[PDB]
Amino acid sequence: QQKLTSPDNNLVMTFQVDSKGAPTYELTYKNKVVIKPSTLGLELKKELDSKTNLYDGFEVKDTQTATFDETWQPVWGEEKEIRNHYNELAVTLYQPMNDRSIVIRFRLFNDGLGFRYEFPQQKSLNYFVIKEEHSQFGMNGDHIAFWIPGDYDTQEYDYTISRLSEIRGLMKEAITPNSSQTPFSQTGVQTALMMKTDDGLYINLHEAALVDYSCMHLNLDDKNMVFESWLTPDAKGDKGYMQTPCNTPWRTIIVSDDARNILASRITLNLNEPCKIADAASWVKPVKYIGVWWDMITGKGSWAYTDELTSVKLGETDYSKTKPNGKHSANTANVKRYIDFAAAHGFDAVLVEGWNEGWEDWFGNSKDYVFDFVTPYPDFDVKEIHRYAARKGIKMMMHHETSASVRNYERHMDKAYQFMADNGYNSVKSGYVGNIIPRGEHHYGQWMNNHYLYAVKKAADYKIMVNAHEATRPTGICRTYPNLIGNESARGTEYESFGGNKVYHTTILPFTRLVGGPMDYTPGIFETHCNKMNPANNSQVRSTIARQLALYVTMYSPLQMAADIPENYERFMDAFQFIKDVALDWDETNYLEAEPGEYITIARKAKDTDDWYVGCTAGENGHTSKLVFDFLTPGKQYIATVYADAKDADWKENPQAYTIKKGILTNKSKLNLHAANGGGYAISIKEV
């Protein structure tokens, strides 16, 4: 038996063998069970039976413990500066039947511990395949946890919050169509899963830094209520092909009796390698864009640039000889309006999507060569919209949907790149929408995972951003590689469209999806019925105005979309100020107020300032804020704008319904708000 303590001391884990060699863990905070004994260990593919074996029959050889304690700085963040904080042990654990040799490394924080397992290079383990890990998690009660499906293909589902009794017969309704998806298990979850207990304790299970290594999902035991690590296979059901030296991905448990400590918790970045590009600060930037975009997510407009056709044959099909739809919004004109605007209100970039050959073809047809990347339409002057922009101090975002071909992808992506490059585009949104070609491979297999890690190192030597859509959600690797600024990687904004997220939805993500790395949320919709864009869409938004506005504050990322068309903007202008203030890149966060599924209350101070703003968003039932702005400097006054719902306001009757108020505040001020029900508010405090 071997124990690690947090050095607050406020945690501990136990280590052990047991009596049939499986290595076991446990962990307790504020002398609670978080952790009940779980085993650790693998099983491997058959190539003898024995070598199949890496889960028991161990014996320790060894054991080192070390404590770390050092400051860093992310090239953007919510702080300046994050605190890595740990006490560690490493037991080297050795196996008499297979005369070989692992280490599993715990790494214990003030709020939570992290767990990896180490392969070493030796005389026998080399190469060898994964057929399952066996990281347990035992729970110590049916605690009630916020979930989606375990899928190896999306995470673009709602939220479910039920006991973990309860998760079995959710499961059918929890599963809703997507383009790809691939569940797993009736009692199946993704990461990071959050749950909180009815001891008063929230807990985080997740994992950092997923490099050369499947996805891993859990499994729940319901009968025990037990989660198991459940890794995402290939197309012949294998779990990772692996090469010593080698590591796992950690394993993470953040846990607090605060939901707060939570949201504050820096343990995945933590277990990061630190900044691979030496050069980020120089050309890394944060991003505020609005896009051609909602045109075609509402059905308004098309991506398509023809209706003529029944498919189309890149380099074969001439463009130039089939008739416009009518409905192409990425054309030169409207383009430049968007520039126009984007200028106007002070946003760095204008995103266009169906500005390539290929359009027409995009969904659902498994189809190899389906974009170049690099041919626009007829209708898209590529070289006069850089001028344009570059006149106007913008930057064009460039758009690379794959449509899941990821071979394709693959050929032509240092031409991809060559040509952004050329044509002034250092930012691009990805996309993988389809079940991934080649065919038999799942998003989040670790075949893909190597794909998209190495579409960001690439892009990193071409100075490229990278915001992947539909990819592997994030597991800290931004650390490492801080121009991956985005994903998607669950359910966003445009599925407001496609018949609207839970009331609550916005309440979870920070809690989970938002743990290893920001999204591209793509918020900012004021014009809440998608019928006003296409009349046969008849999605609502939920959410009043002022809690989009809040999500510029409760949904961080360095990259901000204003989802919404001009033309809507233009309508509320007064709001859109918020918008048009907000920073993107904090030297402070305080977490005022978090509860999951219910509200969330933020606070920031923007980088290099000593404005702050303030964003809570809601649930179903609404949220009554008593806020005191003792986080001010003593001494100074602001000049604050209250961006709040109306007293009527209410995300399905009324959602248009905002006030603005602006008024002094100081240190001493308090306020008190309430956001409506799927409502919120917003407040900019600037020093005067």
Given for the second form:
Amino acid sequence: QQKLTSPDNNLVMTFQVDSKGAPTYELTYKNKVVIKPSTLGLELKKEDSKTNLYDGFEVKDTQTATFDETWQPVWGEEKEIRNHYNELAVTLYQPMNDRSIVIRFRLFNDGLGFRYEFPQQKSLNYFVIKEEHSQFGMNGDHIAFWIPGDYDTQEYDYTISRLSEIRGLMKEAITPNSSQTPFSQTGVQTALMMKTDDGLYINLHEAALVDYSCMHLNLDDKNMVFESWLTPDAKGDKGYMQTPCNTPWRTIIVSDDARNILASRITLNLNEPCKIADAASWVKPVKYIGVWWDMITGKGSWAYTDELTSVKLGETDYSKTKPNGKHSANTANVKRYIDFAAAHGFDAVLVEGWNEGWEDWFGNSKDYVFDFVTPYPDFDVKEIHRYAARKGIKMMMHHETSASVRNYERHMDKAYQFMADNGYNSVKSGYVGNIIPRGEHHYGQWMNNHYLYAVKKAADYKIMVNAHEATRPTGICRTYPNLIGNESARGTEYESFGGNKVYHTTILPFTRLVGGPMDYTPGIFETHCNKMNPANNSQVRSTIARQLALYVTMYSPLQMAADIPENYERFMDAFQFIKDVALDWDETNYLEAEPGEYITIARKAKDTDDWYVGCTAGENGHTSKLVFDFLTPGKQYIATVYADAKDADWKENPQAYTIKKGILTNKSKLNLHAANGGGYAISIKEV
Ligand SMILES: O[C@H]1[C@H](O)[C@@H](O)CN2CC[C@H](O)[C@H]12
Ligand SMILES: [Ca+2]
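Same protein, different state: after the form deposited without ligand CTS, show the form deposited with ligand CTS bound.
Whole complex next, starting from this chain.
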């Protein structure tokens, strides 16, 4: 029986093979069971007994080791991260099949990572995974913060419930989406966040999801045992493997303090070190606005014309079509966004709908849907480039693929060259629609390869990537820091399609943000969409002050101010926080945190002694008693507090805020109240 303990002695991982030769593990935290005894193994696809990789093992060897080194991300929530764990590697031999695997465990002070490894050997070379069976046995009927297991979308509102209640709530939790394949009445996605009755917080996730199929979790509610459930390919199989090869890591992050789930860097720690040698010379954070919300709300169109029932690139002559009067991506309009961006210190402007083919972007399973290089007649690529460069602005490329992946791959070098030739160095991609090649899912091994292929090719071009609808992140950004964003969760766009749950931004940091930043596109000031488009009665579930908080509480090196310029001009005093807030950080201090209820975070701007605070809250609001001793003794600071009015409310009074400017020091105190769906933001600049 094998014992592994964390450096600080608070965590013990016990490993053994049971009487059937099944590898089993368990985990305790400060003498509380976190993981009850749980098995590990896989079942392989038949080319009989060679399909069994789940029992009949015996321990052939074990090796231990300790590691403790620090490293610096190119961008992140702090300057430096410490990677500190005790390790146990267990070689398991299967006499029936004359073959061996290795399970490697790394135990940190804030949780455990394990992976399977398959050494090259006479009897194990090429193999196909039928299913992975990594178990995670819970010690009680925890409260979980979850979205439905789904091979194709993550764009769901979270549900808060007991594990025993998941089955009953799944049907209503799955709302409509143009591409979705739920797999189980008790299937949920990772990262999955839980709170136990005995005072613990537990996050189940994976890290370094590379050359492998995305892991979801299937709950056995007879048992309270969660199990790995991977994403099948077009024929139903779950990964083509070739030794020597590894599974991604599986992680259990645990603490009695919720804030430490946020502080954990286990995910990034388990990724391969940076493989882009000159990354720091060219990867930079980006604050941006865009021609975007117009089409999202329905006020404007991505399409250039309404007269054609369908289009054929290279055949349709758009210069002969009649403009629909609605097309936001036109030169004069883009120049006004360029104007506003330069006036207020933004880095870039995104434009969507610039390229031929948008008339057919949606729902058609169209192969040759875009070419990523040919502009509409009213989009003057060269003039826009000239103007932007004149204002010190960069244009952000848009590559919606409409989920036609072979087509994107065929065009990708030419699309990236086009970007280089015209002064674009960051791209937002998308994958809306069911995947072509048809029969594949968004999160299968096939597509995971494609998203990383796109990022690796971009890096050779010194291009940064932000990919919507891709597989949700698992820390790969350490290895390839030019992956500066994904959506890969329910974003601000759904505030325009009926709204996100009020508590949504109190959960995402605990689940989605684990593994990588999100391009959440915060900053909507006019929260009633009907003012953009009278047919849309959607209302953003936030106050204005809480939108401000999100620049701090939704970590990302890529931050949009998503409203249209007109609306920012109606509230320029509130806008000042968006202009000031930094995007990269030397320090982060998690002040308060409780999933589903509130999160408060102070971050120190990289290479300054300026700090920025944000608070975001759920349906009950939250009262903060803030202490400022992360501030430097003896220094003075100018602090500007942007808070909810005492009458504020997301629904009935979302635009009510106060702005107060005063002096702070590490002796100061502040009582503040985040309203129902509200929050606050503070800039604290050394004098
Ligand atoms: O603007 C984006 C949005 O940010 C993506 O999440 C989904 N989209 C599909 C179409 C268009 O690309 C739109
Ligand atoms: Ca989306």
